[PDB]
Amino acid sequence: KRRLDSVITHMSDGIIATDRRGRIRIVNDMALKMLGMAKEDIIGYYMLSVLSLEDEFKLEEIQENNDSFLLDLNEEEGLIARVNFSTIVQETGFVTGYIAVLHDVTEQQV
Amino acid sequence: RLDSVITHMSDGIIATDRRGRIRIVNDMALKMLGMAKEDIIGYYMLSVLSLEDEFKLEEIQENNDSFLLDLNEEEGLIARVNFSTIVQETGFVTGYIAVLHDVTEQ
Ligand SMILES: [Zn+2]
Ligand SMILES: [Zn+2]
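Read top to bottom, the protein sequences are chains B and A. With the entry's author numbering applied, the first sequence covers 262 to 371. With the entry's author numbering applied, the second sequence covers 264 to 369.
If we strip away everything but chain B, and leave its shape as in the complex, we get:
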């Protein structure tokens, strides 16, 4: 996690944070609305499976500096999110978790 670019975040963003093993342990309400899912169907499940990426992408491929993935989060309700993955790291460099920031393509700024 050398640059902060992939943790640039806005208040309308969906946030997912996982444990050491990539299982969702934090998910904010916006992420649940983007995903059309319930917190109970999310907590403890694998982030990459919930994001429908488990067969094209694995945790090992989340690098120190990642770019973004454009995802169709809800085809049933026309939502494109640019998705920024990143590792969480303690004081000596070791991965303790993972982050997904879900940016609505149509999100606004000032």
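Because the hints were derived from the structure by calculation, they are not lab data. No residue lacks a Cβ here, since even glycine has one placed at the ideal position from N, Cα and C. Fair warning: there could be bad hints in the mix.
[Said to hold, decoys possible] In silico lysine-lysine, DSS-like type, Cα no more than 30 Å apart, as pairs: (1) B:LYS319 x B:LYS300; (2) B:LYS262 x B:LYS319; (3) A:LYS319 x B:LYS294; (4) B:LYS294 x A:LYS294; (5) A:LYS319 x A:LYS300; (6) A:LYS294 x A:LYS319.
[As the list claims (entries may be wrong)] Now the in silico label distances, taken between C-beta atoms and shown as ranges: (7) B:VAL356 x A:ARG282: 24 to 34 Å; (8) A:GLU301 x B:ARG282: 25 to 35 Å; (9) A:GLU317 x B:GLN351: 43 to 53 Å; (10) B:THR353 x A:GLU337: 29 to 39 Å; (11) B:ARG281 x A:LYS294: 21 to 31 Å; (12) B:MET272 x A:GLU368: 18 to 28 Å.
Given the coordinates of chain B, assemble chain A with the ligands onto it according to the supplied hints.
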């Protein structure tokens, strides 16, 4: 295959269906284009970008090059445009993405 693509909050974004017709466009893309939403939605992305002769949808998947476009008349804006595909679990395309980078962008 998942395309990884560089994006910034200030970039214009255009999203299209399988036919390449614009369905989603953020406010920044409309500012860069200098065009109104209702003249953009449902029109061909490559027409709105004036590439219609020099680029084709079929080239997007396999292409890696980004292109330099002059975008706004009596505003004269230069953008770097990156093309990629939207692909779901199956592995089959649901549309296409245009990312518009202002060249003076930091
Ligand atoms: Zn955002
Ligand atoms: Zn940019």
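*asked:* If you test the structure against every hint from before, which numbers come out violated?
replied: Failing hints, ascending: 3, 7, 8, 10 and 11.
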